[PDB]
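The chain that follows stands alone, in the form solved without the named molecule, written as structure tokens.
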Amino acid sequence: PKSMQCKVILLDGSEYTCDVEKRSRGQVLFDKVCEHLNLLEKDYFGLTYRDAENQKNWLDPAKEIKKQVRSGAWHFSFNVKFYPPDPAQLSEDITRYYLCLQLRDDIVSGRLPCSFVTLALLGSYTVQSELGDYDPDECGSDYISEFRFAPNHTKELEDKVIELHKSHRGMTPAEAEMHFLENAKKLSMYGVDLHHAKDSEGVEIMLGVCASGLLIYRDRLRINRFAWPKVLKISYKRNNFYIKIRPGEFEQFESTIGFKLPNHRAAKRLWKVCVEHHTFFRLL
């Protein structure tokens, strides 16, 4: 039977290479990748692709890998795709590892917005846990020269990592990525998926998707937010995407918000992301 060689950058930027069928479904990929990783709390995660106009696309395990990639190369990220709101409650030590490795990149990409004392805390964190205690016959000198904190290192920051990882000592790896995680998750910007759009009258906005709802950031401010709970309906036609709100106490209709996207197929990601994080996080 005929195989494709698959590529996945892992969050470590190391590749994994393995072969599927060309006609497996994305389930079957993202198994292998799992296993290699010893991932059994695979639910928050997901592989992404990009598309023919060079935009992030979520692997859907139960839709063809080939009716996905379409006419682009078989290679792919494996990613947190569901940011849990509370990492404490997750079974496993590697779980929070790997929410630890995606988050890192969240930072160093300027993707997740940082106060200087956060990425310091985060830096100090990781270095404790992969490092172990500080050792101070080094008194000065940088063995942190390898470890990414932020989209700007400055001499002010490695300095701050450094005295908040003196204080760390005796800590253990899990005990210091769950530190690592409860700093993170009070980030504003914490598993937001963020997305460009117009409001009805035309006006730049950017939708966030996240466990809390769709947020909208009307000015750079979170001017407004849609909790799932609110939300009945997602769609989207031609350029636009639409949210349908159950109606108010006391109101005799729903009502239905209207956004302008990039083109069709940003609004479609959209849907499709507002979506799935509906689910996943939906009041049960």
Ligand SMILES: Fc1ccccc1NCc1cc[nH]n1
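Residue numbers count along the first chain shown, from 1. Take the two forms, find the largest set of C-alpha atoms that superpose within 1.5 Å, and that set is the rigid core. Compared with the form solved in complex with the named molecule:
- Rigid-core fit between these two forms: of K56, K32, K42, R222, the one residue whose Cα shifts 2 angstroms or more is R222.
- Core-superposed comparison between these two forms: the Cα of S200 travels less than 2 Å.
- After superposition on the rigid core, displacement of the C-alpha of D142 between these two forms amounts to 2 Å or more.
- The rigid-core alignment places the CA of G248 2 Å or more apart between these two forms.
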Contents of the next structure:
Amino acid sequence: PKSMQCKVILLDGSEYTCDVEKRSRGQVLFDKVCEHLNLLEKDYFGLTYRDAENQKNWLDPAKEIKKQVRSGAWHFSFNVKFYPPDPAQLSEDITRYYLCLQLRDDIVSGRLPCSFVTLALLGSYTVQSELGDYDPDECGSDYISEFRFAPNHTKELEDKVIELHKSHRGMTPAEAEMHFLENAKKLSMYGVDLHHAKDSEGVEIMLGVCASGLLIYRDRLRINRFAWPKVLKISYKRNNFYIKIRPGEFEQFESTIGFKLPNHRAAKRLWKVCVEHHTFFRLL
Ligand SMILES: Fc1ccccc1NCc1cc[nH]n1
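Condition change, the form solved without the named molecule to the form solved in complex with the named molecule:
Following is the full complex, with the preceding chain placed first.
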């Protein structure tokens, strides 16, 4: 029995190493990672890898690892796949904890945009969770936190984190994590997976996939939103991704909206994440 070494970047930025039999399916590796993390509420999470383009791909738990990574290194990341719309309803604090770590990276990366005040408030709850009660002894008027809070740090943002941290005295890690999530869940890009595409006229749009449905970002105005119930059918052909939308009441025939993706793999990736998110919606 020949086994392949796997390396997984965890959400704290540490590396987990294990071996699986070389013909193992994704689920085998994912189960080992989740046992390592003491994670029971595993359905919200997954593993990603980077292809030659260094584009992120979900490791399909049902398929052989070798037929996915193909020529690439057995190097993965552990990530939230399905962002819970209501994190208070998760059964375990440790689940909310990993979700916070993911969202912290979502924020620092700029995938999840955030006002100055929300950056500072989220940051204050992270500090309360990580270090406990505000201590003047560690924080001078010149203090800069080890914690990454934002895509671009300023002294103003560090000061506001400290100001808000002072107000959280006596808050436990689980409580601070729950407040963090109550705020983060409201942000317009929470749990939105964005894909580059062109509309049928060749105009650059972004397609967002999330729990509630599909978003077509055409410009700062004209954001079209199709709740999952409004989406009849989706499919990809060559570089094209198509969504069929239910007609309005007493209208004949659904509408088709077509999109051009960069290449066939990008169309297939978008199709698969939409199918997977739509099933998630069907279970809610
Ligand atoms: F309702 C949706 C449908 C499809 C994709 C996303 C959403 N987000 C919630 C919302 C409702 C109104 N504006 N934002």
